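Model the full assembly from the supplied sequences, consistent with the hints where possible.
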Amino acid sequence: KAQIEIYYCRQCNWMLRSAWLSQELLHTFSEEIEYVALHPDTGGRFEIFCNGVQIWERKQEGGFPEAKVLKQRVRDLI
Amino acid sequence: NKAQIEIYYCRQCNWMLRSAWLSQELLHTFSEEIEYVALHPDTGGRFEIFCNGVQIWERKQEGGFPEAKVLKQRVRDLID
Amino acid sequence: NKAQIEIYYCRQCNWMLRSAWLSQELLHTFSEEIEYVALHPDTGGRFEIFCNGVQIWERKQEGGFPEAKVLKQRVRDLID
Amino acid sequence: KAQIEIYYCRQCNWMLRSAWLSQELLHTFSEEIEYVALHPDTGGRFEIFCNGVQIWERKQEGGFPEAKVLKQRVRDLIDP
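Protein chains in written order, with the working numbering: chain A, 8 to 85; chain B, 5 to 84; chain C, 5 to 84; chain D, -6 to 73.
FYI, nobody ran anything at the bench for these hints, they're computed from the structure. Where a beta carbon is used, it is the ideal one built from N, C-alpha and C, also for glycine. Do not take every clue at face value.
Claimed, not checked - Quick look at which bits of chain A chain B covers, simulated, 3 or more residues with Cβ under 8 Å:
(1) 29 to 40
(2) 43 to 53
To be verified - Output of the computed footprint for chain D on chain A, the stretches with three or more beta carbons under 8 Å from beta carbons of chain D:
(3) 13 to 26
(4) 60 to 74
Shown next as structure tokens:
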């Protein structure tokens, strides 16, 4: 089962959107997911991993993922 | 040093909502002492929470679900 | 016909989280019988919930916060 | 105070993102907001209103708002 990690900058007030994305994944892949973990992190960081594979990086992407895009990148890995 | 919290909830009992909430309560209160809070979709009737390997909540055992205050406190006692 | 629910929570007591949760519990369970669920940031110590004008929860009165089940039930009795 | 309404398609599984956006606003404008209301709606609808002014329409915008953009559109209509 999939192991998803979400790292978000602790003081950038990004927990909200992280918890949301977390539930979007838990809701859509309730049976293919082992767990979705939220990692409070340091400045400007927002990165998501699926089974060890980075499926999102704020700077790289220049922003935050849409629910649809994230679901899709996760789907392609499971 | 940094707490590891695991939340197991019955996948089909519609308990994700309350699990995600409790997760945010902890992440919000212990934003600096927590390594991560993990949500584990599980099987029938299960709702159990662990902190650094220590079970701090079991639905049957407790006969229900934890209040935000009680859970924070049980986590706090394990973080110091 | 469709229920109107209002949730007043103390703005600075860090109660938005639990309010947003309860709001989603209701929207999820009564997605077809609810007109809307409104969250009202309020003043000190206040946490009160109304359904179609009827108060179904008062923190002091109840001495705490409602369980998802109890709140659903009190709302259900005012719809049905 | 501002009055915000969020209409989302009830069966499109859009409550989640609606509740999130709701909290983003309640958190950022905790003192300038009267209330944020979530309205479960019909097919394909996702529209947001602020003090009677439409600040978002899914088709019109061809998608969903970023937290920053929505905050901004609300701020421009708010009693500064």
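Results for each hint:
1. Here the stretch 29 to 40 of chain A counts 7 residues with a CB under 8 Å from a CB of chain B, which clears the bar of 3, and the coverage holds.
2. Coverage of the stretch 43 to 53 of chain A by chain B holds in this model, with 5 residues showing a Cβ closer than 8 Å to a Cβ of that chain against a need of three.
3. Three residues within the 8 Å Cβ limit are the bar, and the stretch 13 to 26 of chain A against chain D gives 4, so the coverage statement holds.
4. Coverage of the stretch 60 to 74 of chain A by chain D holds [criterion: at least 3 residues with CB-CB distance below 8 Å; count 4].
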